[PDB]
Amino acid sequence: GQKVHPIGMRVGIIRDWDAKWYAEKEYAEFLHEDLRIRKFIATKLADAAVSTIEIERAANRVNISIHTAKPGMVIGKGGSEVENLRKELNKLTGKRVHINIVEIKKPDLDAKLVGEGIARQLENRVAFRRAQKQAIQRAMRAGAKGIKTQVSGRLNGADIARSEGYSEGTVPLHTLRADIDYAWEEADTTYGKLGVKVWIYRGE
Amino acid sequence: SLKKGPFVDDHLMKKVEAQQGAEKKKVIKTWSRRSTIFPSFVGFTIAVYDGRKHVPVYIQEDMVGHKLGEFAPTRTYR
Amino acid sequence: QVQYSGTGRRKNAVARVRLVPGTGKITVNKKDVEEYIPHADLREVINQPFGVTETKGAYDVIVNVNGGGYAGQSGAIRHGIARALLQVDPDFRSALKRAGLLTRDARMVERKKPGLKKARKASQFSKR
Amino acid sequence: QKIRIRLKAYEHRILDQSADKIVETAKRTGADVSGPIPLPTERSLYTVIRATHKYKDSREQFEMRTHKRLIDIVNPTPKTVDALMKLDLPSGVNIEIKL
Amino acid sequence: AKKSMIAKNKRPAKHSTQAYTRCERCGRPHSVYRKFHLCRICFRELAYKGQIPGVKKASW
Amino acid sequence: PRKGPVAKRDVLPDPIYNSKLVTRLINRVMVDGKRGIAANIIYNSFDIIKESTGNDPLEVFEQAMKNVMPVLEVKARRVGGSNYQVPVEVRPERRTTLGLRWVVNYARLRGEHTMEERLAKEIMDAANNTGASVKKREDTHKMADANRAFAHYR
RNA sequence: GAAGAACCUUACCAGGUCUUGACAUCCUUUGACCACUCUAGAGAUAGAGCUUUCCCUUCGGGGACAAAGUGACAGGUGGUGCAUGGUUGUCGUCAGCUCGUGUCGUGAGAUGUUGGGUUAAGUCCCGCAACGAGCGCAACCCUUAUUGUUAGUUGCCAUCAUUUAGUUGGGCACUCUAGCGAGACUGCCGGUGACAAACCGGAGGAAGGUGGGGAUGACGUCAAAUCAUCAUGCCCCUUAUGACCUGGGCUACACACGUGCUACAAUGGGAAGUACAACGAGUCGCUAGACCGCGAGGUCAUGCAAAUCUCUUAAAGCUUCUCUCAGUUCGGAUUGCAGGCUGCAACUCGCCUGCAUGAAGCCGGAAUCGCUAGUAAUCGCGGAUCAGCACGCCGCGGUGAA
Ligand SMILES: [Zn+2]
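Protein chains in written order, with the entry's author numbering: chain c, 2 to 205; chain s, 4 to 81; chain i, 3 to 130; chain j, 4 to 102; chain n, 2 to 61; chain g, 2 to 155.
Mixed in with the good hints, there may be bad ones.
DMTMM-like mimics (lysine to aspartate or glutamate), calculated; alpha carbons at most 25 Å apart, straight line [to be verified]:
id, chain 1, residue 1, chain 2, residue 2
1, n, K50, j, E63
2, c, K71, c, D182
3, g, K9, i, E46
Everything labelled a hint here was simulated from the structure, so no lab data went into it.
All chains, full assembly: derive it from the sequences and hints.
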């Protein structure tokens, strides 16, 4: 109970938020509307698996977007699913939604689907060591300078937790011109919960 | 308060307005914690309910500046 | 007409000095040497650089400063004489500097940390 | 001269780059621009503890910075008024217009 | 007994001095920010999520 | 402290008396920086000296520096835990510290029913061989070479 | 934690109750739903009436839910931080903790990481059987101490006039604000020191040897604490533990202890005048001017989306008499009265003024702790949760020891 969440250190220095906003005269409404966006496309994320979700505002229109990892999973064939999700969202939005869907180039840059996939093999009965090692090896075969893991729970179908998961390369944590990424997931087969504190590093 | 309008609860007032010039009754079960007294209330005996068990009290003429709940506390102190 | 311009910044109070050749006075908020100030308007405090340059002088001062108490914005008086002698005499500047007279105090109110009472005053460690 | 607008947002660089864009469009059709006035940037305070059940002393605070810009225009023309009534881009930054 | 007090405050009040507010995703009655309509600790955490507009860390 | 030595911050003289140690006497009674009450009634007390058995305040301040002057000092420097000390040679820094602390904290001990007549009689005592602060110099002369029974194995 | 207990907030008792229930899925009547008042009631409620009115149609149905009754139930601040995730304390800002090639020992293992002087520091130099590579540390990040240029309003007073005011003639002159820069980095010099680090002294400089301060806490150490933020497997119920109302109470006092405030006095008071900022808050929220009050305040009515205007011209000093040494012009404890304001209402259970008794306290015993400088010690301003409710909190400024 001693570390500082690193994504809160680098925010407001080199990175930017999910908001090009000056929230005046309607604050909690857009707040717990963005939260409704989060709770409503939460069921849309099991197969589509976007990473970054950006919001902008037009004159009287809502201009948001999604950055997915897989192109055809939500754009469909001739715009079938996109218009349907616009219609589903417009009842929660109450304003003209106008979106765009961007395919990531070189699509293994994400740290979100890394956590989602390691939670997938952890919820599909794989032991703890070689899953983490094959995760860091397949990240190295793509190319990344450092990947750390601090796993806990009721590990490998047994009793009281550990704090393990091992690494590769040099990794600047305490520097500030670093651009490091972090994620925490919830993951469980049946024994309580086994979270994953994952880490990557790409190099400036 | 009282001089910028007496604070007496209206439907309990309507319970005691029904028997203004009538005989002094024995029991009126109520809650009796919010309404104060202005002197046209003399003579009654209204069951003051503390919160657990109601205890009645009769009414003289001297009661001019307080409520009914100032005599049945919430203590049971012994 | 002849007048001077000397600014001074101590204890969060800028002090523009409209120095004019006179006999040695002050119109601070257009008020004289004790129309604004109590008895703590001391000689070596205020009139220090007159003993090294323009001895004994002096010239009459016009100034408008607020910020600090009586002893705080009086500390801004020395910067006015410093910048005035900076304007006037280049050769006495070394006698000023070797006597100091220009080293601005970089001190403000100290940052007061949470978890404690004050900037440094920790709470009473009531152990037992 | 009967034209003035305000520019208010969080940061500084997007505000004054958009201010230079609209100053460009203003003094293009005419002349006589005033200053892109920096406003002294009102600041907020918050004070939030770190833990849930105990440990009040572990503070972790947050604040807000809100830069503001005022723009006046001297000796206008109908063309700069048309530029300021049909162009409010960028949309990520909000402005406060008058005349 | 928590789900009664979530739907409790969405009523119009019985009289004027019962208009107390709380968070919306959670239900903390103490230390809610009326300019946020969020509680204490969810402001810190969702601020670390990088989703609240504005707010940065503070050092001076 | 533990690492090494440290500075001492010598005081500036007065722009009225033109004497440094008078400022050192000023800066030991003054509570909360209240120069307005305490220092001015010290001025009043030395002018009481000037009006009764005195001519100039600087000379009688030097006369007080005579008759209060700590000539020696001890400091408890244990080795094995026991009461171990020796009459050390006093620094004129720490001489002024001890003597003016005697004067000021005996003006605390005096406590007369006028807020400057306690100061007036205090400096009439400390300037003219009387008062228990001069007798504190006497008692400082006393324990000088009286704890010497355990101060000759040095 | 509880950043505001008069009900609610609220867990805990007394009374009045209900059971696909307020909540979660759907059918069904297919209704437009709610809108509108009366009787009694502590209400939860028991009992009535009005219009309420298809809100798309290739006239089919589904787009509206009060509603009706139902199923699988929903649900639970009931345990489980010693099954959990997460989050936070802890040494502690502590500098420690590792790896590859070469080499030693039969082997577990060792050498880098040891010996001298250097720094706040595993930072650096010289000797090293070790040659090289890391996380930490420093470091870039913010604030702020100095200045240049750029920008002048709602701010500033250079050239002068009017002034109750800097009104508008005047521009950003000084100032100020914020934009890019320059800046303090052993940057240069003398000596010590092997010529090595480093040290002692200078010059310039506003800032000299990382300027002051913040953000940033490695491996781990401690079954530390959190199921009362939320998720959460396991054991329990679901005509009740789930849900709705009225009064209470978490504010009671036979005692002990931790914390904050006030004097215990001739460094304290009263009459008089006279001063000096910063951070902010602000359009059902802050009040210009005037009136009337011992007063809490009320009244007419103006401004204010902010560099304009409201809190908002801060206090201890400065100069006179004073109580002139007392339970006292030290001090104000509890009590009767005039009230004032918030609220649906201030006995339980808000705060404040004034009038009237003038309590105790007459400098604190072991044992303690804060702190090495615009800091201790001391005096004022604003803000939060908030209709009202600070000796607490979080900042800001004023005087300023050893
Ligand atoms: Zn919350």
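Okay, the hints, checked on the actual structure:
no.: 1; hint: n:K50 / j:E63; verdict: holds (15 Å)
no.: 2; hint: c:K71 / c:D182; verdict: holds (21 Å)
no.: 3; hint: g:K9 / i:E46; verdict: holds (22 Å)
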